[PDB]
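Participant: Residues per chain are reported as follows:
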Amino acid sequence: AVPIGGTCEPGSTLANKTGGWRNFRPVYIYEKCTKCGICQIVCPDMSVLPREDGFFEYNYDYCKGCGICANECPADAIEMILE
Amino acid sequence: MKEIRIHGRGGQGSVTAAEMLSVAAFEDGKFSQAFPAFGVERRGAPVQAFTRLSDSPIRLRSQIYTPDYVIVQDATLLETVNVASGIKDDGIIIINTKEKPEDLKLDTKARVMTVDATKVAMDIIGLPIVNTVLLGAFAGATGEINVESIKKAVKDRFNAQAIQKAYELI
Amino acid sequence: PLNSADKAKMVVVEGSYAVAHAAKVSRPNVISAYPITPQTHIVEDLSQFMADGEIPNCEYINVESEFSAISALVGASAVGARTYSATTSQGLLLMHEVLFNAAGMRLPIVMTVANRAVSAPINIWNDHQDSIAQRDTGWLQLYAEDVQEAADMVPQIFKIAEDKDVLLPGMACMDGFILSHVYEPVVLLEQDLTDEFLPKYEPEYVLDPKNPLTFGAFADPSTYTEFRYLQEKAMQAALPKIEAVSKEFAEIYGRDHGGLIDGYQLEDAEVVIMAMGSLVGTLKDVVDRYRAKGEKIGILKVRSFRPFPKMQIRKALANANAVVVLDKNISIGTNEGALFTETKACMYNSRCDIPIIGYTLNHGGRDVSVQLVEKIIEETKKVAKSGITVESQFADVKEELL
Amino acid sequence: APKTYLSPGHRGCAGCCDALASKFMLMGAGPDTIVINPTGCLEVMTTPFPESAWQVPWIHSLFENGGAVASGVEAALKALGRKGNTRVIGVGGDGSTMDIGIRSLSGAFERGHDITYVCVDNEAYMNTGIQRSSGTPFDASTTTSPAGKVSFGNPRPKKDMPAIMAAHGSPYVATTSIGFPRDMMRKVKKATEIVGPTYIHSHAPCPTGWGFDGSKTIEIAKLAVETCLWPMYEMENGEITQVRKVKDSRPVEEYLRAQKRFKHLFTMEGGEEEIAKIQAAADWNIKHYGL
Ligand SMILES: Cc1ncc(C[n+]2csc(CCOP(=O)(O)OP(=O)(O)O)c2C)c(N)n1
Ligand code: SF4
Ligand code: SF4
Ligand code: SF4
Ligand SMILES: [Mg+2]
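Protein chains in written order, with PDB author numbering: chain H, -5 to 77; chain F, 1 to 158, 166 to 177; chain B, 2 to 309, 310C, 311 to 403; chain D, 5 to 55, 56B, 57 to 295.
Among these hints, one or two may not hold up.
Claimed, not checked - 16 Å max Cα-Cα, derived EDC-like pairs, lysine to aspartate or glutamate:
1) D:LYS226 with D:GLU276
2) H:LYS29 with H:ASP47
3) B:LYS8 with F:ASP28
4) D:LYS153 with B:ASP53
In case anyone wonders, no lab produced these hints; they're calculated from the structure.
Whole structure, please, built from the sequences with the hints as guidance.
Facilitator: Dropping the structure here:
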């Protein structure tokens, strides 16, 4: 329903999965990862999630496959694959 | 009146396809109309464009909801977009894909037809510009517009061989 | 509107292209530009023409606001330049104060308006609220139905505005997206024809060091009324001017845009639909369907909104059994669109007491389908037979959202 | 990584510069903040009703009124005794900041409101389809300053907004870039913490508008700094106190070549001469800022 405003709830864009925008998809090569954390910083779509072990993982629900993380990785620990 | 819906992603020039279709149809002596889905085009985002064909001037100003023909520029769109939505039973869906029609499995009564298009583009043009090449496939699949008129349009505004191959392959 | 007989002369281009082309061919001396969806293609096209050196005796200004867009044209017009811009929506709203100023300065500035809804909430789609909200500013307002009309409207409105008996600025209104972003067959404006149709702007008094004069003086209560009276008088003069220029255009170009108002199957209509702009196209198709089934439905298109063609409308509605007025706007607090309000007002003191009802629709670009038009016609048919149930209403509210 | 307060699901292009700039801003500012966001890509892409990407309070009024709206927020917090350590932050594009919103901003700075203002400078009006703003650099092609038979694109230099805001007596003015995330976060954080009107000008390469692949947004940003076309510095009370030195500066061609909006300088007759004018701008930067 339209509220008097109309005010929106915070973080409600989660309802919009943008993973369907991808032509290419990033894939972590965990063996090559230095855990520097650059990929989490550089993601425009907050689709790089931290882990307790200090590695990172993708939220493919939202990843738009722009390839910035892959481009900025100093370890070439991310590969872009078609899809 | 015939109605055409084109599916693509921001940056893939779906509006140009719609425009070229309306230009080519008019060269054939059919009254035409073309327009983007009204909004802001985001790179990578699913987008739509539209064309109408008629023997008489087109005065209708509503959106297109039930197309006779559908063109899908990017196969990956099938996962998130209902491209067969609203299509007439005697309609045709043209899809840019390596796979053959039946492999795609779309819940529709309309004829599903496929061309690689992307490969045709990389082979002949060099770049993966599929918005114009798929129009060749459209002409071959539907017979609604002469393929020569589509060539005429693309050369006028600015490829023709890539249009020609797609016309054969469909 | 478009003449099918002209098929061999037509080309398929974007509406914005046709309008930009028409502006160029109309030979402005100063173009000002501020971008806003969905007006952008017009000014982009003009800037490309400038970049290719296609417009002689002309300067183009990329300003920093719409306020400056119109304000530059005030300065330029007063020097003697033919002036042009295009705007919409938030842009037109920002100009509000300068709109009053320009009309009061009696400067024949022309702008295309690519009608779009107004904030809040922000919305980039078609609605007539932007221009309708300017109905007091003293600008001419004409509403085009198609691309042909929208482009042709540019030279026409220059000729009207610049006429010595008028000297009022004017808006050539066309539906945002619907007309601005569509590609359709159109006859592009002819240069040599326009050079003969549209005389060069030759103002009697300008800013000129060799003939110093003062423009924009301060009027006390002893003279202000007379300025306002003369603006009204200028609008009165624009009534026959709009008819004359439309007829003259028809004679020169072979394209008849119908002047102040335009009837479609109107003469014997039991139910008359009134509307402005591109919606008329959809209406014509629906009317044809009703006509095919022998139902006496017709359209009265209002082309000139300012000046308001009261006498013309009154005469045109004389045989109707019921009138339905469609507005792409609403005066919040009245539940009525401006055309509905003004139609009733012009009909009030006449002997004709037929029911007139209103629907507001196309708010924030909400599509007007053939089926919605059919629903509205059916409701009005009932009114013709049985009387008014609801005088004014939103045609298509979603009660689920409340 | 510091927490950001922007959610996934926004409609930014793949590799969006506006998304990055706002993300870094929030990381520096923290959650005790209220954001004022004039019309533009950032606003449109994050707030399609009924959805919002913002995890902090956020208000959008109009295109022109960022400065004034932020002023009213700050004043209301003071009046109602709710100011505390809340950061009132305006975030807007080059067009909103430098062009249509400059009166609003001038008034807010002059009055000395405790606000922070962040300019996201992608050197054109992007949401509307890439039109020239005063943020547009010399000889950039835009849809209202296209290359043509008699045009090399935008004929004007970039307006110097940091200098303009310094002249307003702003206690803290800093340039930054999405190419240097940590730098941006640090500068934003500092700007928010100073009591008074502070200004951050962030360079933000737009893949859609500049014409480069979405994967290169950060790379292009770094290249702007390395060619010395974008000086990175801080001004405290109108005096430059810090500058990011560039020992190994790159010729401007390397930056210009990577972008469709400059392609015309490589195809048109006299293009190399125009490139020289841009090189001269970079050389001036080196001299003036002490790079
Ligand atoms: C008064 C007014 N004029 C024009 C517009 C149209 N408009 C909305 S956003 C925008 C461009 C925004 O450019 P910028 O501020 O640089 O942000 P960007 O989209 O580049 O991030 C324009 C021209 C408007 N909304 N209001
Ligand atoms: S940027 Fe590369 S090395 Fe660093 S954490 Fe991410 S994947 Fe690992
Ligand atoms: S590809 Fe782009 S959107 Fe996806 S995780 Fe990497 S940076 Fe984020
Ligand atoms: S045009 Fe540029 S700023 Fe706008 S959404 Fe796309 S990448 Fe972001
Ligand atoms: Mg910008």
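Participant: Look at each hint and say if it fits the structure.
Facilitator: The hints, checked one at a time:
no.	hint	result
1	D:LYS226 with D:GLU276	23 Å, violated
2	H:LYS29 with H:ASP47	9 Å, holds
3	B:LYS8 with F:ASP28	12 Å, holds
4	D:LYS153 with B:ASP53	4 Å, holds
Figure legend: structure checked against the earlier numbered hints; the only hint not met is number 1.
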